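These are the residues of each chain, in order.
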Amino acid sequence: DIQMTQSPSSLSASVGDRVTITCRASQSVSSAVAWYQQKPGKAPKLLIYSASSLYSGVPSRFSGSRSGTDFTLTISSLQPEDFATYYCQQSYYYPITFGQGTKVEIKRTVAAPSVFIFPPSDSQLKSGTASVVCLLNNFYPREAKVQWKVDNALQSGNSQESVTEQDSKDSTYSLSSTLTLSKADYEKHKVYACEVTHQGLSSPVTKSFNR
Amino acid sequence: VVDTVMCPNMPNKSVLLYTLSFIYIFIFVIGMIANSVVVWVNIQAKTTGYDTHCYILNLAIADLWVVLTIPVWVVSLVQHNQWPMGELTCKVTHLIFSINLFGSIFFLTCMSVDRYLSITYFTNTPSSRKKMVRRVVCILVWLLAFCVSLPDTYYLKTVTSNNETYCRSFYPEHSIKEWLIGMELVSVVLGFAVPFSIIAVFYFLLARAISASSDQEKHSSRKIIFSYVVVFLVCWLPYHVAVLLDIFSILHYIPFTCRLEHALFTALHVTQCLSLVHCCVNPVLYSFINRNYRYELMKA
Amino acid sequence: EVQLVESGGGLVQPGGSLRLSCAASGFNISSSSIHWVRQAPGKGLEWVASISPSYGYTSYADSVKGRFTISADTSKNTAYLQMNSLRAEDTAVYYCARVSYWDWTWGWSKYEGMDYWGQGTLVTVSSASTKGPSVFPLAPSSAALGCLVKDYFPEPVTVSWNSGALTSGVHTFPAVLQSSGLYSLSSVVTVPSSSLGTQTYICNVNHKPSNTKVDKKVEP
Amino acid sequence: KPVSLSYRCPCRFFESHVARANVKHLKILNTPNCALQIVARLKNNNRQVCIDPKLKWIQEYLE
Amino acid sequence: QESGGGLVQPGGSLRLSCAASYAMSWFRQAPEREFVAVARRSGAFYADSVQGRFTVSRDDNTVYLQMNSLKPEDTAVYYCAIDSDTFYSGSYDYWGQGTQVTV
Ligand SMILES: CC(C)CCC[C@@H](C)[C@H]1CC[C@H]2[C@@H]3CC=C4C[C@@H](O)CC[C@]4(C)[C@H]3CC[C@]12C
Ligand SMILES: CC(C)CCC[C@@H](C)[C@H]1CC[C@H]2[C@@H]3CC=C4C[C@@H](O)CC[C@]4(C)[C@H]3CC[C@]12C
Ligand SMILES: CC(C)CCC[C@@H](C)[C@H]1CC[C@H]2[C@@H]3CC=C4C[C@@H](O)CC[C@]4(C)[C@H]3CC[C@]12C
Ligand SMILES: CC(C)CCC[C@@H](C)[C@H]1CC[C@H]2[C@@H]3CC=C4C[C@@H](O)CC[C@]4(C)[C@H]3CC[C@]12C
Ligand SMILES: CC(C)CCC[C@@H](C)[C@H]1CC[C@H]2[C@@H]3CC=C4C[C@@H](O)CC[C@]4(C)[C@H]3CC[C@]12C
Ligand SMILES: CC(C)CCC[C@@H](C)[C@H]1CC[C@H]2[C@@H]3CC=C4C[C@@H](O)CC[C@]4(C)[C@H]3CC[C@]12C
Ligand SMILES: CC(C)CCC[C@@H](C)[C@H]1CC[C@H]2[C@@H]3CC=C4C[C@@H](O)CC[C@]4(C)[C@H]3CC[C@]12C
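Sequences listed follow chains E, A, F, B and K, in order. In this text, residue positions in the first sequence follow PDB author numbering: the first is 2, and each later residue adds one. For the second sequence, the residue numbers in PDB author numbering are 28 to 188, 191 to 329. For the third sequence, the residue numbers in PDB author numbering are 4 to 145, 153 to 230. In this text, residue positions in the fourth sequence follow PDB author numbering: the first is 1, and each later residue adds one. For the fifth sequence, the residue numbers in PDB author numbering are 5 to 25, 32 to 41, 44 to 54, 57 to 74, 77 to 119.
Quick caveat, the hints were computed from the structure, so don't treat them as lab data.
Dumping the calculated DSSO-like pairs for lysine-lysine here, alpha-carbon to alpha-carbon at most 30 angstroms:
{"hint": "1", "chain 1": "A", "residue 1": "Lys247", "chain 2": "F", "residue 2": "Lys79"}
{"hint": "2", "chain 1": "F", "residue 1": "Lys226", "chain 2": "E", "residue 2": "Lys208"}
{"hint": "3", "chain 1": "A", "residue 1": "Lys184", "chain 2": "A", "residue 2": "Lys40"}
{"hint": "4", "chain 1": "F", "residue 1": "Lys113", "chain 2": "A", "residue 2": "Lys158"}
{"hint": "5", "chain 1": "B", "residue 1": "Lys54", "chain 2": "A", "residue 2": "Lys206"}
{"hint": "6", "chain 1": "B", "residue 1": "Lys54", "chain 2": "A", "residue 2": "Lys184"}
{"hint": "7", "chain 1": "F", "residue 1": "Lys227", "chain 2": "E", "residue 2": "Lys191"}
{"hint": "8", "chain 1": "A", "residue 1": "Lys252", "chain 2": "F", "residue 2": "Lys113"}
{"hint": "9", "chain 1": "E", "residue 1": "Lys108", "chain 2": "F", "residue 2": "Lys46"}
{"hint": "10", "chain 1": "A", "residue 1": "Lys328", "chain 2": "A", "residue 2": "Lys252"}
{"hint": "11", "chain 1": "E", "residue 1": "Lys43", "chain 2": "F", "residue 2": "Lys68"}
{"hint": "12", "chain 1": "E", "residue 1": "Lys104", "chain 2": "F", "residue 2": "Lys46"}
Simulated DEER-style distance windows between Cβ atoms:
{"hint": "13", "chain 1": "F", "residue 1": "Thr133", "chain 2": "A", "residue 2": "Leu234", "range": "52 to 58 angstroms"}
{"hint": "14", "chain 1": "K", "residue 1": "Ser105", "chain 2": "F", "residue 2": "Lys79", "range": "53 to 59 angstroms"}
{"hint": "15", "chain 1": "A", "residue 1": "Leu115", "chain 2": "B", "residue 2": "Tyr7", "range": "19 to 25 angstroms"}
{"hint": "16", "chain 1": "E", "residue 1": "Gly17", "chain 2": "K", "residue 2": "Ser100", "range": "32 to 38 angstroms"}
{"hint": "17", "chain 1": "E", "residue 1": "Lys40", "chain 2": "F", "residue 2": "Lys79", "range": "28 to 34 angstroms"}
{"hint": "18", "chain 1": "E", "residue 1": "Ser10", "chain 2": "A", "residue 2": "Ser226", "range": "57 to 63 angstroms"}
{"hint": "19", "chain 1": "E", "residue 1": "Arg62", "chain 2": "A", "residue 2": "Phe53", "range": "48 to 54 angstroms"}
{"hint": "20", "chain 1": "E", "residue 1": "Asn153", "chain 2": "K", "residue 2": "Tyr32", "range": "26 to 32 angstroms"}
{"hint": "21", "chain 1": "E", "residue 1": "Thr6", "chain 2": "A", "residue 2": "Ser226", "range": "47 to 53 angstroms"}
Heads up, the beta-carbon is just placed ideally off N, CA and C, and yes, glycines get one too.
Model the full structure from these sequences, guided by the hints.
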């Protein structure tokens with residue numbers, strides 16, 4: 002049971018740029034490390050094993066180095082074919098403890114999110130549970146924050162968040178959050194509002210609706 | 028009924044002694060250089076990230092000492108069994124020689140067992156556990172070699188005989206026969222018999238196991254595996270068979286004749302020379318063949 | 004020429020047992036070990052167990068100590084993993100990976116790693132059964155519009171817009187899991203402001219496991 | 001052991017006590033290292049064996 | 005506090021920076045507030063309209081904006097903002113004063 006801290010969690014580099022990922026070990030491991038790559042929803046591959054020796058088959062851009070107990074992976078330059086996640090490893094103390102994980106996504110210009118709110122459908126009232134949706138589309142970066150306020154009262158502990166992955170054309174993200182509320186509670190309040198906070202906006206944007 | 032054999036003076040064999048001296052000096056230079064390089068490469072490789080197996084380092088050290096302590100024997104031999112050095116030197120030199128020689132012989136057997144287990148059992152054990160196990164057995168074998176050498180070294184004292194001098198072992202008067210034969214038997218059973226048997230059996234099993242696996246056969250070879258046993262046998266058989274034959278002669282089981290004495294003396298010396306050649310040939314067989322070792326040496 | 008293929012999977016009631024099989028072909032199994040690595044949705048990997056068919060030596064991860072009996076059968080160069088007391092926290096995909104141990108480099112080998120991996124299988128333990136979906140309309144404001159699906163199970167769900175006519179500016183967010191035990195998913199496509207009121211947009215949703223076809227009209 | 005640290009001549013161990021009657025054949029062994037050495041053959045076991053040549057009656061019989 | 009400002013013929017340049025009185035941000039306000049650039053702990059990002067025209071850095077404590085290659089659209093006061101959220105959400109609690117800039 003050896004914790005393998007790995008940083009940075011996220012990165013964004015344009016094509017043909019050097020990038021380095023560092024994986025650490027709390028204890029000392031006798032140069033027994035690997036470095037796996039994983040495309041989304043596919044079997045992870047192997048790039049570097051031992052400590053700095055490349056594995057036959059992968060391009061020669063990828064290489065590794067050792068320094069005490071702080072290993073690092075070096076990329077000479079990123080072709081548009083290695084935008085995936087990389088996991089470090091140690092194989093000198095069973096059980097094997099994989100690292101947290103690193104994500105390397107495409108970089109582009111910042112984008113301004115747009116906000117939209119969808120009132121619950123009339124049919125949805127029949128089910129007895131009311132739901133509202135606040136939508137963000139074609140913005141950047143992944144990092145974003147949205148909070149729910151009803152009748153100028155904060156709402157917490159009941160909401161969902163999900164965002165698509167990098168778009169092959171726009172290289173942006175879209176965020177959708179769903180609030181589920183009981184039918185009885187729905188009529189209790191009158192004012193529903195969605196607040197969005199993002200680095201691309203001056204001040205939070207308020208989108209609200211009434212019945 | 029009496030016999031009076033007047034053995035004539037031994038022929039001028041000093042040419043044989045000079046010839047054997049040439050062979051020993053060649054072995055000295057070759058062995059020293061080769062074994063030192065193996066140790067240097069092994070210790071350096073750890074930084075790169077290789078898994079330098081500890082048996083190789085320990086075995087290289089043992090052979091280095093043996094080949095480093097040959098010159099004393101050459102000086103003694105050039106003078107036809109005499110000894111001009113001090114008693115303390117004789118004790119220390121023999122102790123070093125015996126410990127290192129037995130250490131090397133045992134490490135061969137330990138290597139064979141570890142290899143077979145590595146392809147069969149240790150495959151899943153974590154690296155740390157097997158590293159610890161290898162270190163523990165390394166300590167134990169050194170201690171066992173230390174225990175083997177001590178009994179005869181303690182029973183060593185020179186004499187003066191004419192006006193020459195010698196460094197000849199002294200054994201208890203009441204049990205001279207038992208001690209001499211016992212010492213020379215433990216030289217065989219613990220020196221040749223058990224190590225050879227274990228090595229041969231385990232490498233035959235390795236050949237069977239590697240043959241069964243389809244993938245392993247292609248990259249490895251089935252000739253080097255048998256070459257190990259063959260080289261060990263050829264290098265270490267002649268000396269022990271000759272010494273055992275001489276022991277039978279000592280017990281008077283064979284008629285005595287001048288030709289017999291001359292033949293045994295020359296044969297004993299020659300076969301001992303081969304037993305040292307074993308140490309020179311060991312590193313080339315166990316390290317130089319590996320492709321990784323050659324490439325690692327090339328990059329340094 | 005090394006190929007590993009897994010088998011066995013699918014949903015299982017909570018507190019049950021599973022027997023996964025990883026058949027290895029193209030190379031004898033005795034030399035190399037076998038490892039199973041777990042990957043929960045949207046999370047990093049983690050080790051589970053490893054077995055050497057040569058002599059049966061095994062190991063386990065503390066998180067699941069005692070609940071798994073990894074078994075090997077050198078007769079058919081196959082590896083078996085038996086699960087027990089399944090809880091609703093092992094939902095993941097399992098890959099069986101090899102860790103070879105060459106022999107032509109014995110004294111000077113390198114710390115090896117996992118080389119050949121398999122597609123794996125999906126294990127989803129849940130207490131619910133087939134149900135849904137229940138489409139609902141996401142009316143546009145008095153442009154952006156879409157449809158919603160909620161209370162359906164199991165995955166996956168296929169969403170098609172206007173019988174595949176629309177393919178630009180449409181985003182289908184990844185499925186989400188609700189507390190009750192069912193899933194929820196949304197899909198939205200933007201349209202020009204002028205286009206509103208001139209073209210009818212219909213979201214076509216299909217669910218193969220329950221072969222349910224639902225079509226809902228969307229209008230202000 | 002290394003050959004250089006060894007002693008070589010017909011025999012190195014002497015039987016302290018020997019039966020005079022059993023003695024049947026004594027061979028005078030001469031070598032350039034152990035000089036004068038005596039090899040016997042006891043009828044009791046009929047196997048050649050050495051005796052300490054410095055015994056009184058060995059000289060009387062031999063010399 | 006922001007420093008800089010002046011008059012520049014098209015094709016010139018000028019240095020803009022502000023010092024601590032986390033991540034730093036830069037805005038524009040055409041006499044219509046909007047986003048131009050922001051600095052990360054360790057990279058940087060720029061608005062599409064300012065791709066490559068200007069470059070930013072985070073000195074460890078001041079922050080520099082090497083505003084270069086003026087174009088006839090950048091007449092606007094630029095402000096420094098601080099994201100009080102350690103996870104860089106984008107909450108700008110403290111607001112700067114800025115300096116007049118005209119080409
Ligand atoms: C006592 C003397 C005469 C014996 C000759 C010295 C030999 C044994 C020396 C030569 C180089 C030495 C090695 C040099 C470096 C290291 C790395 C260290 O992390 C552990 C010890 C170890 C592996 C040493 C062990 C002892 C060693 C092998
Ligand atoms: C009479 C004298 C020469 C006997 C002492 C022999 C010396 C050379 C032996 C004794 C114990 C040996 C050490 C035992 C264990 C190890 C650990 C291994 O990982 C590196 C080599 C190293 C460090 C050995 C080097 C050689 C060593 C120091
Ligand atoms: C575990 C063991 C084998 C390690 C080796 C132990 C050593 C000390 C043992 C091995 C064989 C032993 C010898 C075997 C037979 C005899 C004959 C006896 O009349 C005197 C002691 C003597 C000469 C022994 C001395 C001690 C000895 C050399
Ligand atoms: C006279 C000579 C041959 C005696 C030396 C015999 C060798 C073959 C013996 C001595 C001690 C033994 C070791 C003792 C303990 C272990 C630990 C176990 O988990 C694996 C086997 C292993 C590593 C043994 C292998 C065989 C071994 C190395
Ligand atoms: C044997 C003693 C007396 C003299 C020293 C000669 C040694 C070095 C000779 C004897 C037999 C030889 C081996 C014979 C066959 C092979 C197979 C080949 O594919 C690689 C080399 C290899 C493994 C040789 C290496 C050198 C070798 C080990
Ligand atoms: C390539 C390898 C096998 C060759 C080694 C063969 C060994 C068995 C050979 C090499 C030289 C040989 C010796 C050469 C000369 C003599 C002198 C003779 O009066 C008795 C035999 C004796 C002492 C030989 C014994 C056998 C011997 C040691
Ligand atoms: C010549 C060699 C192979 C003989 C040495 C075989 C030894 C290592 C074998 C004999 C019986 C084996 C044990 C048999 C059963 C189990 C239970 C299993 O849950 C873990 C491994 C474990 C504990 C095995 C470890 C290896 C073992 C101890």
